[PDB]
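We begin with a single chain expressed as structure tokens, specifically the form solved without ligand NAD.
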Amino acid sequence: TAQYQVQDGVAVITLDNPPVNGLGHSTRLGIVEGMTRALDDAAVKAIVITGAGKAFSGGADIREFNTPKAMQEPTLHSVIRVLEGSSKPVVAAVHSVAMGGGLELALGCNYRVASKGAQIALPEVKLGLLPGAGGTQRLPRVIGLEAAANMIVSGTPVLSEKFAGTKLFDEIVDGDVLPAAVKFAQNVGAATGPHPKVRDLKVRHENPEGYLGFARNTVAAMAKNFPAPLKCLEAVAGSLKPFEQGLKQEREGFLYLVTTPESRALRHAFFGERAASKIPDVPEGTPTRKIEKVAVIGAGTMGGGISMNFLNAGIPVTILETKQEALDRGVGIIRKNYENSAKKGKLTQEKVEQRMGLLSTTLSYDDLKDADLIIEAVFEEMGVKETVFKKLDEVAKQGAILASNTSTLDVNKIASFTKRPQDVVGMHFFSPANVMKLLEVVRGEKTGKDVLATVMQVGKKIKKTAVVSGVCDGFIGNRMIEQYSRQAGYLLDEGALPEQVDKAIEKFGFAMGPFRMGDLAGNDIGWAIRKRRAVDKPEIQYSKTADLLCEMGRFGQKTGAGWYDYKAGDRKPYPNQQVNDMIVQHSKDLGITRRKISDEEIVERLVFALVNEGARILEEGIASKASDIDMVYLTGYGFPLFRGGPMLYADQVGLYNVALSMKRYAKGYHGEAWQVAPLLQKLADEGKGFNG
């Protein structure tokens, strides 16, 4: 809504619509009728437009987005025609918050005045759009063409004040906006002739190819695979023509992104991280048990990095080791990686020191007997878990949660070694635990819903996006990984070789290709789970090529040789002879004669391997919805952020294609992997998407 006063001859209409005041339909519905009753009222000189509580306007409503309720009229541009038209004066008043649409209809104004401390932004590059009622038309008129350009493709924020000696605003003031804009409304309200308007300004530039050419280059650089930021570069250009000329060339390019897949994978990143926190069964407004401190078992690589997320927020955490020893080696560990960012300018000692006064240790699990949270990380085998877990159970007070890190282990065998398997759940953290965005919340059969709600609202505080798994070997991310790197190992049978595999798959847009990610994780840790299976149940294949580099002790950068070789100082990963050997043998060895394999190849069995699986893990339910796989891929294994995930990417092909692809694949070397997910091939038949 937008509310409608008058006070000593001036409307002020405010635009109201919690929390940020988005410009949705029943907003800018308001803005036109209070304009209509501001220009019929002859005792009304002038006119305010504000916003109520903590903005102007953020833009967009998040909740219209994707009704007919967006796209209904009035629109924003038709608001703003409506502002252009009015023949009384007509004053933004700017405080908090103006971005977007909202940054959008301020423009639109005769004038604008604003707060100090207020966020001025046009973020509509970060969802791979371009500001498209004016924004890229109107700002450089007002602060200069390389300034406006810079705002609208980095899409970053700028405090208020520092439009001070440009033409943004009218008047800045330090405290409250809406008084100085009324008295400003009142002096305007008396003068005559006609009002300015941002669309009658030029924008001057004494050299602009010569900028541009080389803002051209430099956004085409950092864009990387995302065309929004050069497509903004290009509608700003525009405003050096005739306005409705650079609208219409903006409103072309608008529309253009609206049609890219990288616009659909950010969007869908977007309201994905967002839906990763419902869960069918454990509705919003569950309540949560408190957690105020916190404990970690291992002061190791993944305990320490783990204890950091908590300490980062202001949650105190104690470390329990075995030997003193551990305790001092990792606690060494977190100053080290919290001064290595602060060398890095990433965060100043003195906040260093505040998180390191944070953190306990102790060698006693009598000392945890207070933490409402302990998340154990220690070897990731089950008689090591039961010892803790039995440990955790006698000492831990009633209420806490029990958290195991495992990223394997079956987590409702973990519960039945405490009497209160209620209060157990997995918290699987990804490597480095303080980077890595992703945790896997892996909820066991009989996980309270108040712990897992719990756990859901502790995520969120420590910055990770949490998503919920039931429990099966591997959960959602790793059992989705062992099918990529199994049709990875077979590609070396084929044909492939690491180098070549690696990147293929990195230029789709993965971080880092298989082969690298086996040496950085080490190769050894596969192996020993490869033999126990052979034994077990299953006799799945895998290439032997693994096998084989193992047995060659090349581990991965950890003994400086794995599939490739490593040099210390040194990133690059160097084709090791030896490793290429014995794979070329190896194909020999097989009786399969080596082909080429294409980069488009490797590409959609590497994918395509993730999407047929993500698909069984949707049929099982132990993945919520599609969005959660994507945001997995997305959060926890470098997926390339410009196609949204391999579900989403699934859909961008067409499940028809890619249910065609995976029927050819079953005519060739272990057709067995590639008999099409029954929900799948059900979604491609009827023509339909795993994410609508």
Given for the second form:
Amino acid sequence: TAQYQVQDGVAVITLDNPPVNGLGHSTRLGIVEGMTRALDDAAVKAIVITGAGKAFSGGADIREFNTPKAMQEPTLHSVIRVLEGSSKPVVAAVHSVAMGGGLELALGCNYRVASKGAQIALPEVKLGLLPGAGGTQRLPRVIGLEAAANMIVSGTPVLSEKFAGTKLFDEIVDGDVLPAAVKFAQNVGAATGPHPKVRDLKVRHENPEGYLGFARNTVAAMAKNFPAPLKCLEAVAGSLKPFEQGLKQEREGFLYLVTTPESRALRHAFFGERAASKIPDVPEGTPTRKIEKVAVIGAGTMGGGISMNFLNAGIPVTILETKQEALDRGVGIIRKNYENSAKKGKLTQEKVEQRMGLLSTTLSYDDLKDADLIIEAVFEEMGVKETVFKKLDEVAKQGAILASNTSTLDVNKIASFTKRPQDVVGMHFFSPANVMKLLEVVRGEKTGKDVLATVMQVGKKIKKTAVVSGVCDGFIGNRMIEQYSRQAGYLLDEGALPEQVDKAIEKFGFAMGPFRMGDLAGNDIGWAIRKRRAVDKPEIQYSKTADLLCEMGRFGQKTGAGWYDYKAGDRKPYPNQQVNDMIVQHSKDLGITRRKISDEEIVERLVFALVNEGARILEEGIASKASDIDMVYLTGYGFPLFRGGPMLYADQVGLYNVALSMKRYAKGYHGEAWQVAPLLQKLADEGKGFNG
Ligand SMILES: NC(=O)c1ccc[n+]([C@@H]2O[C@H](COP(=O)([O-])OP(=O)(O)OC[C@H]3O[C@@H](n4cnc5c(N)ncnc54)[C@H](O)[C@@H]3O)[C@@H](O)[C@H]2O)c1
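For comparison with the form solved without ligand NAD, kindly provide the form deposited with ligand NAD bound.
What follows is the whole complex; the chain from before opens it.
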């Protein structure tokens, strides 16, 4: 809504829709109703528009995105139209935040006055759109083409006081904006003659094609599969035309971006991060335990990684090791990670020391006595875990939460080594744990709901995207990546080589293909894993190619040699002759006439195996919703942000067509991998998606 108050011949319209005065329907209507009242009232000679609380306005109200109310009139286009055609002069009084539609509204007013320290932005590019209510046209008219292009392409905020000597603000003040804006309004409302409009100004620039040519290149190079940034630049270029043409060209830009799958993807990512925290049977308002101090068992790469997340947030950690060398080795790796980030400009050295100052080291379980959360990050062997969870079940205070960073061991079994299984939980971080955003939270059968609520809240405090998975081999991410890695192997049998598969799937948009990834993880890890599949009650086949590779001791980057070769301090993975002859021999030995596999088939086989298994995961309820699987693959596996995740991608492709492709692959090599998940078949039969 909008408050309306007359004071001293000035109507003040005050946007009020916390937390950021989102321009929702009721607020938009409110601004117009107020303007109607103001023009009607003879005593009112000028108008001030401002915002309550901690914003002028942060733009579109996100709680309206998917509603009709988003587009219900008056729209922002209609509101602005009302402000520009106002016979009485309109002064925007900006403070704190003026972003997106909020800036656009301010630019629609005759005059603008700001206080210092206000954040100014058009961030629409971050959602794959562009400023669609005149921003691309009015902004370059008040700050010039280059400054405007830069704000709009990048979406980055800029403090109000940095616009001194542009026309954006007619007066920049210290102190409160409103008093100064009312005084401003009083003067202008006592002159007549008509009042200026941003649309009458002209973008003056002495070589547009000079600049735009260079901007085109740098934007194209940085933009990489996102079409919004170039369209924003194009829209801004239109500010050189007469206002109405520019605006028509902007609207077309907007409507084109709105159709693109890339902005569908960014929107899915944005809302998926928010929906990740929702668990079907744990309602908001379920109360959480206070987590003030943390302990970690293990100072290896994970343990040291996990710890840094808590330190970065200001939460003290106590790392426990067996030996004083493993400790002082880990603490040194932590410190080397930080001082290093500091040289790349990610932190000051001061910040490094305040972080290291929150880290404690012990060799003894008695120091973990007042830790609210303890995270086990030790070797993957049930025997060792049993030792740690027994020692922890003695010491840990009553109410502490005990978590395992296991990625392969049964969380429920680790829990029954204690007499408080309701307090045990998976917290599966992803290597490197201080950079990868993904936290997989594994809910045990016994895990209490209060424990789950707490872990999610913690997740948020350490800036992870935390997704709840039930218990099964590989949880959500690894269970899916196994099916993907199986198709990769099978593609080698049939006629692919590692570099070929990696390059195809990297061009599709993965950060790193299956072979490069296995080389980075350590190919032996997977070797260990598969060897307890044929042991345990399954007989799922894999291509023997990865076994063979490991029988040569080509374990990856750690041995200097995996599917490729690696030379020191050199980023390139070099294709290896011994590996590629092994792959070609193996095909010879299997009876297979190797053939030419298309990049399209590589991608389809790999990505559709993620989708098939994701569909079984949803049917089993190991993930509560499809957007969570997507969030796992964006934040854990380097699935391209521009496609939104495997499950959104399959919907974009169309489930009916994904199903058909699968039935064709059911007839080729290892056809049993391509039976169609029943949930996928059913959604395909009914013309629905996983997401919508
Ligand atoms: N499930 C997985 O495969 C997976 C996934 C992520 C992390 N993790 C575990 O976290 C580790 C991080 O690095 P790392 O193992 O290379 O070296 P690490 O140093 O973290 O391995 C565990 C450390 O804990 C210590 N340790 C072993 N047993 C212990 C016990 N009973 N009590 C106390 N301390 C003990 C050892 O000094 C060892 O250095 C991972 O590498 C892995 O072992 C496992």
